[PDB]
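Model the full assembly from the supplied sequences, consistent with the hints where possible.
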Amino acid sequence: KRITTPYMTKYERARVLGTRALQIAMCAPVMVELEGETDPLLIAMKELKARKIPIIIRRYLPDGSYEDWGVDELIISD
Amino acid sequence: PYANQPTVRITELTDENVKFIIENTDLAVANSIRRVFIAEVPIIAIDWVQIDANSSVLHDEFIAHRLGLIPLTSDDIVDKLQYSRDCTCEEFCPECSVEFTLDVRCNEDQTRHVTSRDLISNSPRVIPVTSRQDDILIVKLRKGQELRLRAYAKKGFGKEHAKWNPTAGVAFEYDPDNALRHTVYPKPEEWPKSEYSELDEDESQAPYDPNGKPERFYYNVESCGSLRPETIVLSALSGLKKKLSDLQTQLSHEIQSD
Amino acid sequence: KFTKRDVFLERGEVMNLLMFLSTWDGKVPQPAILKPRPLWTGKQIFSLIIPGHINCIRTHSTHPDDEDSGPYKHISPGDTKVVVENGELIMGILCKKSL
Amino acid sequence: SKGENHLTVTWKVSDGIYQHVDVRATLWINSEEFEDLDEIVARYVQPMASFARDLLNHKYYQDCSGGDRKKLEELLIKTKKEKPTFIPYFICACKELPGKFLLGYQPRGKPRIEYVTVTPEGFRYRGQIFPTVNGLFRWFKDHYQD
Amino acid sequence: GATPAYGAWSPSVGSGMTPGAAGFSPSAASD
Amino acid sequence: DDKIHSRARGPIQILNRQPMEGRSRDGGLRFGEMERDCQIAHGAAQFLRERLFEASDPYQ
Amino acid sequence: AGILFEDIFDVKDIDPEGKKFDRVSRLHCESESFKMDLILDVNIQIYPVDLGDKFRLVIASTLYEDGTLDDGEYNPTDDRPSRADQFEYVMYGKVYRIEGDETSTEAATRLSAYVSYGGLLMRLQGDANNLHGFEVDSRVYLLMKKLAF
Amino acid sequence: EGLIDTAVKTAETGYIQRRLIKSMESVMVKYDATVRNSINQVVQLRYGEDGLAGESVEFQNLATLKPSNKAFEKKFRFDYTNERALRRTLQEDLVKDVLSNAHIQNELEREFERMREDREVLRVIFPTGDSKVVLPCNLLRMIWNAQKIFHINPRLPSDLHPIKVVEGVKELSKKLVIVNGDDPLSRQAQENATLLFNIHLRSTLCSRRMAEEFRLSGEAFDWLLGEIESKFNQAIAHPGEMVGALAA
Amino acid sequence: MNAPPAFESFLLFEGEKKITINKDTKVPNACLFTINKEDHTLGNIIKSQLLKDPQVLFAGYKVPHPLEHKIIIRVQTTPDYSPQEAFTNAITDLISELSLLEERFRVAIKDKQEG
RNA sequence: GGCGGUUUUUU
Ligand SMILES: [Zn+2]
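If you read the protein sequences in the order shown, they are chains A, B, C, D, E, F, G, H and I. So the mapping is simple: the UniProt record's numbering equals the position in the first sequence, first residue as 1, plus 49. Heads up: the second sequence is residues 47 to 178, 190 to 315, going by the UniProt record's numbering. So the mapping is simple: the UniProt record's numbering equals the position in the third sequence, first residue as 1, plus 546. Heads up: the fourth sequence is residues 1361 to 1384, 1396 to 1517, going by the UniProt record's numbering. So the mapping is simple: the UniProt record's numbering equals the position in the fifth sequence, first residue as 1, plus 1522. So the mapping is simple: the UniProt record's numbering equals the position in the sixth sequence, first residue as 1, plus 1132. So the mapping is simple: the UniProt record's numbering equals the position in the seventh sequence, first residue as 1, plus 1. So the mapping is simple: the UniProt record's numbering equals the position in the eighth sequence, first residue as 1, plus 844. 79 is the number that the UniProt record's numbering gives to position 79 of the ninth sequence; each next residue is one higher, with no gaps.
The set of hints was computed from the structure by calculation and includes no laboratory data. Take every hint as true, because none was put in to throw you off.
No more than 25 Å apart at the CA atoms, straight line, and that leaves these computed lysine to any residue pairs for SDA-like: (1) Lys21(G) to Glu613(C); (2) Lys1481(D) to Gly1536(E); (3) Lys59(A) to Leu1020(H); (4) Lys21(G) to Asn235(B); (5) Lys300(B) to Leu51(I); (6) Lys270(B) to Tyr48(G); (7) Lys110(I) to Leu291(B); (8) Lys299(B) to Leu51(I); (9) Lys1512(D) to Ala1551(E); (10) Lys244(B) to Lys270(B); (11) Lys126(B) to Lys298(B); (12) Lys1512(D) to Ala1543(E); (13) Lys547(C) to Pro49(G); (14) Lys910(H) to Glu1057(H); (15) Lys26(I) to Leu70(G); (16) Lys300(B) to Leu67(I); (17) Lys1075(H) to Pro597(C); (18) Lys55(G) to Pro582(C); (19) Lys573(C) to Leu70(G); (20) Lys992(H) to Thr605(C); (21) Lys299(B) to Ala6(I); (22) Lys1430(D) to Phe1546(E); (23) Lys874(H) to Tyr60(A); (24) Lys1430(D) to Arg1509(D); (25) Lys919(H) to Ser105(G); (26) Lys70(I) to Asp303(B); (27) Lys110(I) to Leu294(B).
As structure tokens, then:
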């Protein structure tokens, strides 16, 4: 019974990319085959394109409730 | 699918400037030769100055700047000397540099005019333009002031610094009569006629020529005093040829490695 | 001044300008004037700069208003009425109204 | 060599085609393997490889020069006109796709390729796992008319 | 790494149409 | 040359442990309230906090 | 064949509204057989033209006789036959508009093809019978040669 | 005088902008698609009285606005009686259909009634007759791109049945949603929010217009619908945007 | 303070190659030659010589940046003629032409000097 | 390891 928009806002996308890049920089298991790159930000972008980032966004609503979305669940904008 | 056969004709040969005309060549080659005259032309000039005592009124770097601007003849020494950077020794060896010394001191009451004549060069031929017309004024000293220094002049080209710029003012002109229309005159009658204009005084500019290529490039190379004008032309042609030869050698090595 | 109708370039100038195009497909366009000599046009060279298949119409600054009503609507004598189709400049001159 | 702790076992899928498997290619097992690493093979890798090699027991299997898709395609599009009443089927192994086997046949008058996967319990075809190796081949001959 | 998943891949099945008649070979026994 | 300036954790004041001010004192540029409003409009709260805390005056 | 159009024209007026540019001018020409108007813009500089001059204008879709429909690219290194060998002024443009006097019942009887040669515009107005080979969004050539008569 | 004016302007506008920003530095769009301040007080049920970002909006004209009744009637009615014109536009396999089937005739009559209703709404909404209005998707440019891509060639009879255009527009209006929810109040708010846009969309994509001026084909129209819905969804405002600071 | 020296406009740095070749993938028989530590002098002439060669479909040099001492010459010849040999022949014929011009100039000068 | 004020300049 989720009513929030099914698209990924730019703010959420940017924050998720930065967070995944940081987790990767701290030596973490990737969720996609690396074609031959070492930039953690690029790896996070590739992971986003592949839809394999193990992160779910907890969007809060004005009342107080919150809806948990998944990078592989909601549609990506860019 | 090959190059062309350019011809040359000199119109004025003097010890200060040379006017010539190159025919059956390309505008790019003409401009390249001009830029090579202005920059890539080996020539000697003061470069490493050492001042032991300067009580003059100017600065300590002002003297070095003026000494670097002073020309030095190098008719048959620049082709022999090598670049100090490519030298295979330490300290300015006479094989790749010329030495100069200056030691002046104003004793009399009248002010002194330290000119370029005070630059006593160790070599006979490498000397400032004072052979054959006043000398280059370095500084003026008053009673009680002095100036003692020793300088070394090396080989270089204009691309590095303006001191090694032999050509004073290269005048290059192609197509006097705006025939190729490379320059559109809003009012042709208001512009004068070029020095090399063969058009009569009635018509303002020659008519249009569609199947017309830029040819007949007029050069007027004016030498500063170091190298003769014809010597500058020959040195520039040799330098351009050497650059092309080095590029070809590098290309052959690169093709062979791949 | 480059996008005017009386702008003609030689193969040398065209190939030199094409060097400064980071999105060039690598193919030289057919010259607007094959004979008596290959002459490109300023507008023809600028067409390659427009990416994709963009379509737009714009009016030039010195565009007489009493032109669309009378004849020569789709063929302006003064070379106005910028009409870009499939990302290719056809008519008109570029100015602040278009760029 | 990819990471640490885990271990990789390389085995023979068939005649020429090999396959690597990393244990947690992902192969799950129990924790007692640390005491007798012989079990990862004596209970999973070796039985799976034997199931994969069982195709060698049937003469209908071939090599096709390491499983050349082009060769099978040309053969299938030529035999359709050379012997319409005797269209053969083939089962081969691909060198560019370990763990899979190409089952080449003609569903219709158009070219098409199909693959079958091997699993610890047996094989996998059309999304259904089979406990035996012959059961899948006997079920294909009946359910290939879809 | 250079040795990724193989069996975990989902075998995609292709679709098609062919209003054909029944004239193929029968079936064999399982024995 | 008289106007070029940079910084990478230079000296800090004594009253409010924040970067100095002035090119001579080797100080950092001021992130004005207008810059705060610009960042708010962009929506880069992480960058905003990094500028107004991380690279300003961290303290516990 | 590919000859979308071919006809002789004669010049009758140049830049009626005053010459705007310095190298291009309008050529208000009229046919001799088909009775058609032509508002061409040519390069007066390289190919000068005066009043009363006649030229054989041939709008084609390709320069080859056999008609292979070239892809469209500058390829001077081509030894194939070319229709441009017997023409003095050639240009490559793309017809961008085809207006007509259509109605809501009976078809159109008079068309007008507006083509742009990379900047230079040409309007060829006439009947809706000889302009069948003109279609919007399509490359064409000019091919015009002056007749000595 | 000019220098003094510039100085005083720079001195006053600074304080003005400072106050404007401190008044609304906290306003922002929430995930509930509603603008609120720091106290969660609703300022706008939908951002900009629409719920769309101010970046993907361009100027357009309302075709059905300020027309002459007779002009509007003859331009947005699609006469299914002139068999000659019907053959000229559509194809023979459609002229007979539009002539025989009366369900299609009733559907077009209902469409024209809806078009008249939307025109009256615009007239009572936009007094003074101002056609220039800001809307998200530029339908004219989209139709032009579709033509140039699919090579429509406006001259030959197109293959697009008016029932197809009507059902496509209806399905597209049902898809574009802002106030999600089957509740009566939710549906009423959704209709009121996307009213002007749907009115403009219908006025542009009309049976007579699509069959006379555009001549789009079936695939071209399908691509047009897809592009319109994608662009509208992209222009939807992104929750978590400081609309307050932007307006300041 | 950050003014570059004056020798970095012609002198090569340890590791930098004078000329580099890169084949393009957009069109056949196309090669870009990157020359380091050169200017328009050693580029405009080569472009003009390549243009004269009829088998060269395209030939043009550019400078990625004025402060950067580097140029890129894109060449494209017929499929039966490679850009490497095109460049080689261009440079060779240009060198021969410059030598002939120098000899002619020298003889003209020696004739003008009392002759 | 150093402060407050004023003035002058620059976008
Ligand atoms: Zn030495």
